[PDB]
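Once you've looked at the hints, dock chains Z, V, D, A and W against the given chain U.
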Amino acid sequence: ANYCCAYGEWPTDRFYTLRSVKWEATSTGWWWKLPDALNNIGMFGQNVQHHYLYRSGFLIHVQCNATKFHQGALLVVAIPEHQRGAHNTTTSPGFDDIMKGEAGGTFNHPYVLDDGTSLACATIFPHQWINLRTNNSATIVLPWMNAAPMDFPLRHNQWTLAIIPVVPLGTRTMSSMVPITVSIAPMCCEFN
Amino acid sequence: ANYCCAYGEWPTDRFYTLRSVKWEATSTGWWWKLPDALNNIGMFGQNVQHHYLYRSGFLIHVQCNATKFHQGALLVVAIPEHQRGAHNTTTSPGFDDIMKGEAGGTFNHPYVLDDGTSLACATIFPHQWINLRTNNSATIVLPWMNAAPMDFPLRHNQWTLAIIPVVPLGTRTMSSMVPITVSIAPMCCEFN
Amino acid sequence: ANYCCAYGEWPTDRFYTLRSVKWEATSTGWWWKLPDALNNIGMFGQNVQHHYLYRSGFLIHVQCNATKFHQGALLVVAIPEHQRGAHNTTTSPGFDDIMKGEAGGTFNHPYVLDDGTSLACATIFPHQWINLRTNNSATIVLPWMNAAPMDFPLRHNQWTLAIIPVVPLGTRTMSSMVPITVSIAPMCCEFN
Amino acid sequence: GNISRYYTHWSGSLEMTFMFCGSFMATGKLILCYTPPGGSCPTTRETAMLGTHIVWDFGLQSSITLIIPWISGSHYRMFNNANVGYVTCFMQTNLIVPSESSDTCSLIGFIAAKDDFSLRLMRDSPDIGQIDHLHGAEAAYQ
Amino acid sequence: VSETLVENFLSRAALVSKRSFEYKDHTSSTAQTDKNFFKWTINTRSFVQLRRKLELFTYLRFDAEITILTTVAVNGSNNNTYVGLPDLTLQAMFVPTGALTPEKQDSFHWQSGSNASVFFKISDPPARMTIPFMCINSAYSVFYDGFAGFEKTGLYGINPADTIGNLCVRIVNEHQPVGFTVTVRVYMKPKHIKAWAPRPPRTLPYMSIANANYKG
Amino acid sequence: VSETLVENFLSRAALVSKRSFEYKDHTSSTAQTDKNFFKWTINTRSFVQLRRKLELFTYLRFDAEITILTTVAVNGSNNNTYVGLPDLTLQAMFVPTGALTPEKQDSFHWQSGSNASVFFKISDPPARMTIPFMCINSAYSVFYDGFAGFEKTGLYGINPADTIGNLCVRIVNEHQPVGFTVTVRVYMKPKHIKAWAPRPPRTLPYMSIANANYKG
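Residue numbers (my numbering), protein chains in the order written: chain U, 5 to 196; chain Z, 5 to 196; chain V, 5 to 196; chain D, 4 to 145; chain A, 5 to 220; chain W, 5 to 220.
Excised from the complex, chain U in its bound form:
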């Protein structure tokens, strides 16, 4: 339903549905590294384990379950090669806090995207808007996005799907709760 096709281009229907995240009035955001997630869980994971080279392009679907009395705005942005940095330290981020798996991570400085850039200019990336008064879903298609025809899924993440609440969720009762569901479907399913 009115998907965003990233950069102008167009390259099996498994749609691995991740566990829903809890959107509160104090949430900062969530992110998933696409090759890091979606593996070791399904047939895509077993193929990624059995092969050194894999092909992708993905298909992201994000859904929100909210009533007509809920308000808030969500920015769904896919960042290519989102190399994130640490905070108040010169050491590099480690494997444990870079590779979060299917659980994913949470932003601690969403205003700078944990990189030092600006969240305001994040719209330059392929993105969609979720305003809980006009729409409650967003679909993004992604390209290959690599400098080389081959890469190693276990060591390099191609895309980073980020969901950041620009406008905090609100209702008359301050116990608001809206679940967000993310579904990822690899495309062309090539593994060699």
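In case anyone wonders, no lab produced these hints; they're calculated from the structure.
Errors might be hidden in some of the hints.
[To be verified] Think about it this way: if two alpha-carbon atoms lie no more than 25 Å apart in a straight line, the pair counts; the simulated DSS-like pairs of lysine-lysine are:
id : chain 1 : residue 1 : chain 2 : residue 2
1  : V       : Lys104    : W       : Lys28
2  : W       : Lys39     : A       : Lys22
3  : W       : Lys193    : A       : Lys193
4  : W       : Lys22     : W       : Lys125
5  : W       : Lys57     : V       : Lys104
6  : A       : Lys22     : W       : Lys125
7  : W       : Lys57     : W       : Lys198
8  : W       : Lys219    : W       : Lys57
9  : U       : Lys72     : Z       : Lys72
10 : A       : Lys156    : Z       : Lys104
11 : W       : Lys198    : A       : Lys22
12 : A       : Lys219    : Z       : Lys104
13 : A       : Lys125    : A       : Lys108
14 : W       : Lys156    : A       : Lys125
15 : A       : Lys22     : W       : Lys108
16 : W       : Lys22     : W       : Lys193
[What the hints assert, rightly or not] Covered stretches of chain D (in silico footprint by chain W; criterion: 3 or more residues with CB under 8 Å from a CB of chain W, positions within the stretch not fixed):
id : stretch
17 : 16–27
18 : 135–144
Think of the CB as a built atom: it goes at the ideal place given N, C-alpha and C, for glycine as much as any other residue.
Below, chains Z, V, D, A and W without anything else, positioned relative to chain U:
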């Protein structure tokens, strides 16, 4: 509006509107014997009194007045020759508790339909569903439904319209109230 | 190379090579239950584990590595529904000594085929002869061989491949040794 | 079930329909999982997602229909001397309802046979047993 | 698909009556109304299995085929010498509704020319006759949501129509010096069955034959 | 060349059961499960000759024709006066698999309409009926290289399919003052026989009916 025409067939616009019934959170159901009701009240009743033989086919319309915050499911089923039995006794039901008139009766064991059958398999009869989130009305057309071309309305009931709440009515306040209106219109209006 | 196509008919190239067996001057024979073997070892085994119904037809290849100074005759026979019995007891054979897996079993009364029949009339089954002066290999193709279109591989064996030395292996030195290699390739690879 | 209990061998495909009967503004998601006859019913969501499944968002849709594949009951056991398959449901998200609406919603299910259903070898249904004697039984003989 | 037709589903011969009566010469006046003859009104609610199978449709139209299989057992008394079982002839009379049913073994109603009768012997293949569809309406009413009579006293669920009739069986032979026990077994098999308006099956075992009361 | 066809080779009527049961009125509770009736599961491994002839093909498909020939002998006791042998009627009921087999002579299962029954007299030509092919598979499995149940306890060589059914024969008559001995002789003749995958014959005489064990 999308009426159910019973068994596949098709055979004046008076639409005798019965008194509305009160649907609570503890209601069990209501039933009306079609020839038993609808007579002694109007021109159909006077014709039935003046004639030993009458012709019918009826037209049932059921309406519910509920808001968008109400929930519940209603099963509207027309049972041909619904011979009902008693409970915990070998004696047969009497005239007084069989012929209830336009007031109608209430089910005391809707799970077995006061017959000893199963409410689950009641969908084999001509029926409609009223779910108070998609629709609030149901229309059923009926055939002659008799083994003989002639019958006596004062002694034999041809149809039994039953309304059974499968899913109890519910709202945040436990003082819920939804009125149900039933309208019956005889067809072809033949009396001889 | 001049395969035997069982009964006249004709229905992926994995060719699971079993461990070679040691043919001595005192060997009695070897047998493998085709669905019992060939599973829990490969992709066929994983499919058989993941499915309740499977389709087959197999392709058997038997090879012998002997010099020109060796002598002996081998009877390679595929027996459909070879229900074997016990010896000197009225109890039925058990699961442990019926399901031998990929290791296979050895005949203890090859003259009666562990059934009570005659080894002389075993040629009525699809069979090939291995005489170590004219040929050293045999190929047998098999049909579906079942009364029902579906069966459970974990509980019922369709074929039994038996290799029986009719003429014992001999050489001037009584330390003779000829290895026998068996390769099985499922056909049409259907699993549902 | 009642009609099949009058026969011995049945084969065909069943269809199952679920209807959500909550408020108009109720929202949520459910996962409906089907397991083939040879297998075990899943206990948790992630192992449920491994097999065939459908994610049902009852916020927009009010009814969902899933078709059970063709199955022959006689071969699968029939006093082999069950586990012919399972259908399970898990909650993908919480149930979101407005304050004015009720906080509890209900679900109902229907089953029916497709046009490929078959029955053979009619037998005696064990549903109702022969009552020693009913109330009025000698009236026919007197 | 032919096995699950309504004709094959309902057209199964089922035992519907297994009454037995004594035959000895009752010099004293005892055991009235069953001295030497057996009477049975033709219905289908007697046996629970057939009643439940039939109570799946609102209307039925069929012809009943009656097979009467009778056996004689040595009178469980007096001399035990197995002289044999004499060839007793029997009379089975079908009395349609609106006619007179015999009240004793020697009543004049057994000789009526209007009622059709069948004479058969104890040592022959069992007697067999088919009763046609005998309702004033176009079909039988398995369920009747009405009262029979125009008075309020009329019973509920009983249709004045239907009521196929009565079956009366007697021993034609005059009382032998030694009595005997006669067991009469009658089987009914519907034929040319037509069904209308299927109904949900019946749980909650029956509590009576006249009505559909339940113990819930 | 027509004499050596499979149909002529296997379609020979052979005695498959020769059981006899007592009939007298057992006032005391003795000789259970065989008081007045005879039960036999339809198989072919009972007789060695027919079993060996059948065990030449892996798969068979045939219809079984059953002929029941019964004789009555004077009760070998009590008075020897040859009063005669009364015409006792018998009931032979075929119980297909998945149905209930009667456990006593007076059980209600004898009156079931689902099970097909044959009533015949002792002084008539022997009863005869043909059982159709009644397997869920396309053919019977003479040999089965598998286990019946999904549990490891399942017996080897027993197919849950096949199992044509049970044959139950009883005396319908209520106990006469004098008992009798009834010998039931049943013959089976396969018809419309189809055979697949011929097998070598069987030496080494059989040691059991359930399995194919040998004494070598």
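Cross-check of the supplied hints:
1. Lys104(V) to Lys28(W): violated (56 Å)
2. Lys39(W) to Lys22(A): Given pair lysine 39(W), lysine 22(A) holds - Cα atoms ~22 Å apart, limit 25 Å.
3. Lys193(W) to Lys193(A): violated (30 Å)
4. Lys22(W) to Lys125(W): Roughly 18 Å separates the two Cα atoms, so the pair holds.
5. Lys57(W) to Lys104(V): violated (31 Å)
6. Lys22(A) to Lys125(W): holds (19 Å)
7. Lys57(W) to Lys198(W): holds (14 Å)
8. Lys219(W) to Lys57(W): At roughly 20 Å apart (the allowed maximum being 25 Å), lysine 57(W) and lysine 219(W) satisfy the hint.
9. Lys72(U) to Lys72(Z): Cα-Cα ~12 Å, so holds.
10. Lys156(A) to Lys104(Z): holds (14 Å)
11. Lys198(W) to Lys22(A): violated (44 Å)
12. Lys219(A) to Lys104(Z): holds (23 Å)
13. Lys125(A) to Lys108(A): holds (21 Å)
14. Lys156(W) to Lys125(A): violated (59 Å)
15. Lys22(A) to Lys108(W): holds (18 Å)
16. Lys22(W) to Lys193(W): Holds - the C-alpha atoms of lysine 193(W) and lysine 22(W) are around 15 Å apart, at most 25 Å.
17. 16–27: Check failed, 0 qualifying residues.
18. 135–144: Result for this restraint: violated, n = 0.
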